[PDB]
Amino acid sequence: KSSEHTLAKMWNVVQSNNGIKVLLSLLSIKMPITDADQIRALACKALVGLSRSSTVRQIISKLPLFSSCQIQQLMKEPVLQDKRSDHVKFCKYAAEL
Amino acid sequence: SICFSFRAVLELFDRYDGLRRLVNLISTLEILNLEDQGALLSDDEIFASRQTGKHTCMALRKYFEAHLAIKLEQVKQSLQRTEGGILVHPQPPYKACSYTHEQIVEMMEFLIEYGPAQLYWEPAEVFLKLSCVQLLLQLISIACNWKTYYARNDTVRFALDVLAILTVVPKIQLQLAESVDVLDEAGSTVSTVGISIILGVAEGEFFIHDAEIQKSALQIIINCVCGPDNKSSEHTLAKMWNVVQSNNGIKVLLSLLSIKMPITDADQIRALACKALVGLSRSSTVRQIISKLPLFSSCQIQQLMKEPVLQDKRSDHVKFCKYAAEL
Amino acid sequence: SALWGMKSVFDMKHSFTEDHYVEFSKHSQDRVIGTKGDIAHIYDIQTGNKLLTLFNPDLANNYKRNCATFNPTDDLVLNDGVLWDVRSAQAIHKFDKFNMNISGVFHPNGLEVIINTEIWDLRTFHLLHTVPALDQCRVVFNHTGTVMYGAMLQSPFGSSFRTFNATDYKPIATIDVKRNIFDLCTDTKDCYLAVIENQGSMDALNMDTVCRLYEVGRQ
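Chains as they are written, first to last, in our numbering: chain P, 1 to 97; chain V, 1 to 327; chain Y, 1 to 219.
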């Protein structure tokens with residue numbers, strides 16, 4: 001009941017210092033067009049980790065992320081070369097979310 | 001501009017010469033004479049000669065809204081024949097021009113589609129035997145580039161509402177591309193069709209922050225693409241599908257189906273643009289051409305879920321979805 | 001243009017003053033076609049005369065960049081994205097305009113017409129495909145016609161490479177050059193890439209254009 005509390009505290013500090021702000025922007029980054037798909041799949045992995053927190057479930061679930069365009073980051077395939085390489089492990093973290 | 005509501009005013013208007021004394025105003029305009037346009041440069045005969053046509057198009061504007069309801073009385077009484085109609089007609093002095101181009105003059109342009117498809121107007125016979133719809137294209141042409149405010153923003157807008165009541169005539173839809181006697185900003189006599197100018201207007205390269213003009217432009221298109229099913233009357237509408245498909249009309253509508261800058265009438269343009277696609281995509285070749293585009297890859301759905309202007313939500317956004325699942 | 005000689009004597013054999021952009025013909029190289037603006041002129045190399053000038057204002061898409069090109073069977077011309085019969089001097093079919101710039105190229109299988117991102121037919125004029133990564137790029141093929149290249153002409157110039165397949169258009173790889181790419185040419189015997197890239201940042205006053213070579217298929 002102490003090792004669970006440390007990870008629970010780590011959820012609270014990212015929720016404290018506006019860590020929910022940054023990941024919603026890196027989940028739509030498009031300018032370095034080589035590793036466009038390499039950042040989002042390595043960002044959506046954090047949301048699945050963080051949204052197990054009790055307060056943070058309700059906070060993310062009402063945002064315009066879950067209004068729309070969460071689905072429309074799964075159908076575009078913006079970089080068709082990491083399609084079978086890293087885009088298809090983004091969808092492993094998408095339906096997990 | 002107002003007294004045309006009384007029917008005896010129009011009755012004495014046609015027992016005399018009528019538009020022969022009206023068109024002779026526009027045909028004598030020295031701002032339109034391309035052969036003599038570099039003759040007069042003094043600002044007395046410029047600001048007064050770019051105002052004279054402006055009130056003349058408004059004289060035309062309430063002329064055709066009146067004659068739209070006149071012939072609608074000659075439709076709703078000769079065709080209906082007590083089936084939803086009451087034959088009481090005293091010929092009174094009474095104002096029955098419906099007085100709203102926002103709602104019901106738009107609506108009266110739609111119910112003329114159920115006519116005989118052999119439409120005969122004495123408003124049209126004097127019009128196309130003089131054949132000044134080509135001149136109407138020149139009024140829209142020269143008004144593109146003046147750039148020093150001769151009350152010109154409304155001047156082309158009054159020029160467009162001459163069209164939207166005339167465009168239900170079938171043989172004037174024959175003359176929308178045939179005669180090409182126009183001119184452009186390059187300083188030379190050129191030749192393009194009249195549809196390309198309206199599409200050039202409907203894009204918005206000219207007339208930058210205008211809003212009622214594009215919605216007066218799209219009603220010209222919807223008259224030409226979304227008609228009824230009725231071997232010669234079918235061929236004319238089939239030819240109209242071919243010319244819009246010829247002069248890149250499929251290019252423009254895909255952009256106006258996502259317009260967002262005039263945030264008041266954002267929803268009023270797309271629903272009056274998607275109505276044209278349902279009309280045009282009954283064409284045989286054009287079915288396969290639109291169905292492979294990135295319109296049908298995605299984001300056709302994501303123009304139905306956003307509700308970008310929440311105030312026309314129950315007003316005009318929900319009639320966009322009537323044209324969406326129809327597409 | 002300057003029709004030179006590279007046999008032994010350096011001289012403009014014939015001379016053109018009118019047309020912005022010319023090209024050889026593919027199968028029989030007796031034709032050099034020329035185009036200023038939107039008007040295409042078929043010339044000869046033996047005589048230098050206008051063999052068949054074809055242009056129809058009734059059917060012109062009127063782009064920004066027109067480049068008249070022959071199919072590799074040397075029977076069709078793309079003037080303004082229109083097919084052209086070289087036999088009886090008539091137009092065939094016009095294509096629709098989508099990005100205001102690029103007129104259209106042939107694909108070396110002799111089955112398609114590649115307008116900027118619309119992939120057409122030659123006998124029924126239908127659409128096969130539409131790729132969103134073909135937004136305003138110039139195409140470069142292998143000599144056999146089995147891989148396609150792409151360079152952006154955006155304002156930046158060619159932020160990276162673009163390597164396509166010439167059968168089903170599944171993209172292979174977009175390797176990245178940090179500078180800006182200007183010209184891109186490869187071999188007939190498929191071993192090098194002549195890369196004219198832009199050293200330095202976006203500066204009209206200083207354009208440093210070195211030339212760099214790439215080896216096909218090596219880490």
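Bear in mind the hints are in silico, worked out from the structure with no lab data behind them. Please note: incorrect hints may appear among the correct ones.
[Claimed, not checked] Label-pair ranges, simulated between beta-carbon atoms:
no., chain 1, residue 1, chain 2, residue 2, range
1, V, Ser297, P, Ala95, 15 to 25 Å
2, V, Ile263, P, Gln73, 19 to 29 Å
3, Y, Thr73, V, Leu135, 40 to 50 Å
4, Y, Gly37, P, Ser51, 31 to 41 Å
5, Y, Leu51, V, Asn242, 49 to 59 Å
6, V, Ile263, Y, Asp190, 28 to 38 Å
7, V, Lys76, Y, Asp168, 30 to 40 Å
8, P, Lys62, V, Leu135, 37 to 47 Å
9, P, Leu24, V, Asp184, 29 to 39 Å
10, Y, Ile92, V, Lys129, 35 to 45 Å
[What the hints assert, rightly or not] Some residues of chain V that are not near chain P, with every Cβ distance over 12 Å (derived):
no., residue
11, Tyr94
12, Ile301
13, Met305
Beta carbons are placed, not taken as given, at the ideal position from N, Cα and C, and that holds for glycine.
Q: Enumerate the violated hints, using their earlier numbering and listing them in ascending order.
A: 4, 5, 6, 7, 8, 9, 12, 13
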